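Chemist: Letter by letter, the chains look like this.
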Amino acid sequence: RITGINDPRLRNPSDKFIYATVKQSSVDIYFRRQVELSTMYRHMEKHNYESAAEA
Amino acid sequence: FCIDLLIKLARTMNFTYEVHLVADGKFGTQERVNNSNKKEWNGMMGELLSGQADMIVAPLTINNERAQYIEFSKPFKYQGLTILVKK
Amino acid sequence: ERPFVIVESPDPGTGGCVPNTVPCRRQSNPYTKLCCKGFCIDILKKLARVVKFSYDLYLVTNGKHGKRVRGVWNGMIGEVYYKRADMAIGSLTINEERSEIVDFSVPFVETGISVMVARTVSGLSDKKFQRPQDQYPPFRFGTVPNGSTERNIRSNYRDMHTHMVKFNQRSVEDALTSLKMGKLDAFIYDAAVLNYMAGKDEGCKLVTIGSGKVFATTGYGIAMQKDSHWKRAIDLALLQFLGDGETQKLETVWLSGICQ
Amino acid sequence: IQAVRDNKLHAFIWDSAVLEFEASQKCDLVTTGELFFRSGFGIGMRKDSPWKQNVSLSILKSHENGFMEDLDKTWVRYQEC
Ligand SMILES: *[C@@H]1O[C@H](CO)[C@@H](O[C@@H]2O[C@H](CO)[C@@H](O)[C@H](O)[C@H]2NC(C)=O)[C@H](O)[C@H]1NC(C)=O
Ligand SMILES: *[C@@H]1O[C@H](CO)[C@@H](O[C@@H]2O[C@H](CO)[C@@H](O)[C@H](O)[C@H]2NC(C)=O)[C@H](O)[C@H]1NC(C)=O
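Protein chains in written order, with PDB author numbering: chain A, 663 to 717; chain B, 458 to 544; chain C, 410 to 438, 448 to 537, 659 to 799; chain D, 718 to 798.
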């Protein structure tokens, strides 16, 4: 159905698919300290549910 | 191929050429034997450095080490490397 | 250039633009500060970090690339010729015309000349572009003027030039707009930019057969004023950059494709 | 080439042009995958000799007019039988 972090849909974000994570988490720091992956944070900071299992 | 290119080149710059094959057939890398730390050249590159040669016309590579001692020209055919298996 | 050197407006309020970017200054000879990032930007950053030199980024105003019209050189080539700029970087091909007065380095991106079409021609010698006087008039190949291709088509098919006065003459994106509309079906331009732009598009537009039919196979280089010793140094470094697979990484972080 | 064809060895690692022509030339052999390194051929001589600059200009001169492409087509096109 999906793949790891290799697809161009994640390398180049698409308007159809939406990638979101839990805000204020360790993954936020992990994606906030990678040189090449910085742009994904640009997507992630755009819309990520500041939430929990509700999300 | 290369000799035809050589003809087409010499037809333009008033050339007279004497062509002779390499001594051993090895392309050429730096080679250092014990009691001699300097990696002396061996091959047609070493023959060119020795003084018997004046120009090399062969499908040579443009790796970093070769450009250290010898000035090259603009490449005329880009390519890569590949694997051959019986099939 | 669209994929290679990208210019962006500065940070929201600060002025020092977003990290992973280099400040650049467009001159008028309002020196507003913009921030530039891209392929050549990182290439130059690594080169300066490895040879210990400092630099500043300056753009040009007289034309995009520049040609020797009326025996006077405009553009980046002219700027380097007049010694108003010591180096030139970015989308600049190599050929005999420019090589007379300006030195060059070892190429690092293998370019070419290819034909973008819709989703019929298999070479310059094809009857279509060779003697276009048939019944069906296949019209308006792009070939953005005063660039790097007009001098090439100047002595490859001499009759193609005067037939080619009317075309899409706004930009590379205008050719895509006209192809999507249908006012034209022929486009001829550099291989690298066309491949990159055909990589990412809704659906996907099919270029011609591929790199197997590129004309005038050359490579993008770096211009510099003649007799500068600096050249030799960077030349060696460039080869080392092909050794560590640096080109593969710097391309995959700037090149991709949804169809290609 | 003879050894690996005789199944003494299994695969040969070599430049793309030579094998790309020979596979279509002899018989029954094809290469798999693509390049993992990219570079081209060139002319080499001793440092600081004008022949170097002049032939470097002449090579691009020939490339512009399709002489090299025409020669390559002539000498590799009669293959893939
Ligand atoms: C190639 O040269 C032509 C001729 O100079 C350029 O076209 C000129 O563009 C200016 C822009 O304001 C006009 O004022 C002139 O009237 C144009 N001249 C002609 C003859 O059309 C053209 O812009 C150049 N190409 C590029 C890419 O700059
Ligand atoms: C190299 O090619 C050039 C171009 O033909 C020539 O070199 C000199 O070029 C200038 C400018 O055209 C002439 O004024 C000189 O007379 C040329 N020198 C010679 C010796 O002819 C020449 O044909 C080639 N060789 C050298 C050494 O330059």
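Hints listed in this document are in silico derivations from the structure and should not be mistaken for laboratory results. Treat each hint with caution, since some may be false.
[What the hints assert, rightly or not] Straight-line C-alpha distance at most 20 Å; calculated PhoX-like pairs for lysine-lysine: (1) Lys752/C <-> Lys667/C; (2) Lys534/B <-> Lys769/D; (3) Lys769/D <-> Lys465/B; (4) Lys543/B <-> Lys743/D; (5) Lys485/C <-> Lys501/C; (6) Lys465/B <-> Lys778/D; (7) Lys778/D <-> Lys544/B; (8) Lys790/D <-> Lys544/B; (9) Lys678/A <-> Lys739/C; (10) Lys765/C <-> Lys764/D; (11) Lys790/D <-> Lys770/C; (12) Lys485/C <-> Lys743/D; (13) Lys470/C <-> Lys739/C; (14) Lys790/D <-> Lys666/C; (15) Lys764/D <-> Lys752/C; (16) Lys464/C <-> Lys752/C; (17) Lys678/A <-> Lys708/A; (18) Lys534/B <-> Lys752/C; (19) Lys765/C <-> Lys501/C; (20) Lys543/B <-> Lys725/D; (21) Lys725/D <-> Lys765/C; (22) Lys534/B <-> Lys778/D; (23) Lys463/C <-> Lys770/C; (24) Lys465/B <-> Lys790/D; (25) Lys770/C <-> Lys764/D; (26) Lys790/D <-> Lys534/B.
Chemist: Indicate, hint by hint, whether the structure satisfies it.
Modeler: Status of the hints after comparison with the structure:
Proximity of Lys752/C to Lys667/C is assessed by CA-CA distance (about 16 Å); at most 20 Å being required, the pair is judged to hold. Restraint check: the Cα-Cα separation between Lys534/B and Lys769/D comes to about 17 Å, which is no more than 20 Å; the hinted pair holds. Straight-line distance between C-alpha atoms of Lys769/D and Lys465/B comes to about 16 Å, which keeps the hinted pair within the 20 Å bound. For a cut-off of 20 Å, the pair hint linking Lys543/B to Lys743/D stands: about 12 Å separates their Cα positions.
Pair hint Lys485/C plus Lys501/C holds up; C-alpha atoms about 17 Å apart against a cutoff of 20 Å. As the CA atoms of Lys465/B and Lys778/D are separated by approximately 12 Å, the hinted pair is consistent with the 20 Å bound. Between the alpha carbons of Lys778/D and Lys544/B the distance comes to roughly 41 Å, so the proposed pair goes past 20 Å and is violated. Taking the CA atoms of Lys790/D and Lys544/B, the gap is near 26 Å; set against the 20 Å cutoff, the hint is violated.
At roughly 15 Å between alpha-carbon atoms, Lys678/A and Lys739/C fall within 20 Å of each other, so this suggested pair holds. For the hint linking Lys765/C to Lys764/D, the alpha-carbon distance of about 17 Å falls within 20 Å, and the restraint holds. For the hint pairing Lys790/D with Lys770/C, the CA-to-CA distance comes to about 35 Å; that exceeds 20 Å, so the pair is violated. Annotation: proposed proximity of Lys485/C to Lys743/D is violated, straight-line Cα distance about 48 Å (limit 20 Å).
Distance restraint check for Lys470/C and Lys739/C: the Cα-Cα separation of roughly 37 Å exceeds the 20 Å cut-off, and the hinted pair is therefore not satisfied. With a C-alpha separation of about 19 Å, the suggested pair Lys790/D and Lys666/C falls inside the 20 Å cut-off, and the hint holds. For the proposed pair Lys764/D and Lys752/C, the alpha carbon gap of about 35 Å is over 20 Å, so the pair is violated. A C-alpha spacing of about 33 Å is found between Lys464/C and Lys752/C, which places the hinted pair above 20 Å, so the restraint is violated.
Of the pairs offered as hints, the one joining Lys678/A and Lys708/A holds, with about 15 Å between alpha carbons and a cut-off of 20 Å not exceeded. Only pairs whose Cα atoms come within 20 Å are accepted, and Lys534/B paired with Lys752/C is accepted, the gap being roughly 14 Å. Pair hint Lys765/C plus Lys501/C holds up; C-alpha atoms about 10 Å apart against a cutoff of 20 Å. Between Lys543/B and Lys725/D the CA atoms are separated by roughly 11 Å; this keeps the pair inside 20 Å, and the hint holds.
Between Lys725/D and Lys765/C the alpha-carbon distance is near 54 Å, which puts this suggested pair outside the 20 Å criterion. Between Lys534/B and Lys778/D the alpha-carbon distance is near 14 Å, which keeps this suggested pair within the 20 Å criterion. With a CA separation close to 16 Å, the supplied pair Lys463/C and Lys770/C stays within the 20 Å bound. Taken as a hint, the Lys465/B and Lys790/D pair is honoured in the structure, with Cα atoms around 16 Å apart against an allowance of 20 Å.
Distance hint between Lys770/C and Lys764/D is fulfilled; the C-alpha atoms sit about 15 Å from each other, no more than 20 Å. Only pairs whose Cα atoms come within 20 Å are accepted, and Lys790/D paired with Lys534/B is accepted, the gap being roughly 13 Å.
Going down the numbered hints, you'll see the structure goes against 7, 8, 11, 12, 13, 15, 16 and 21, while the others check out.
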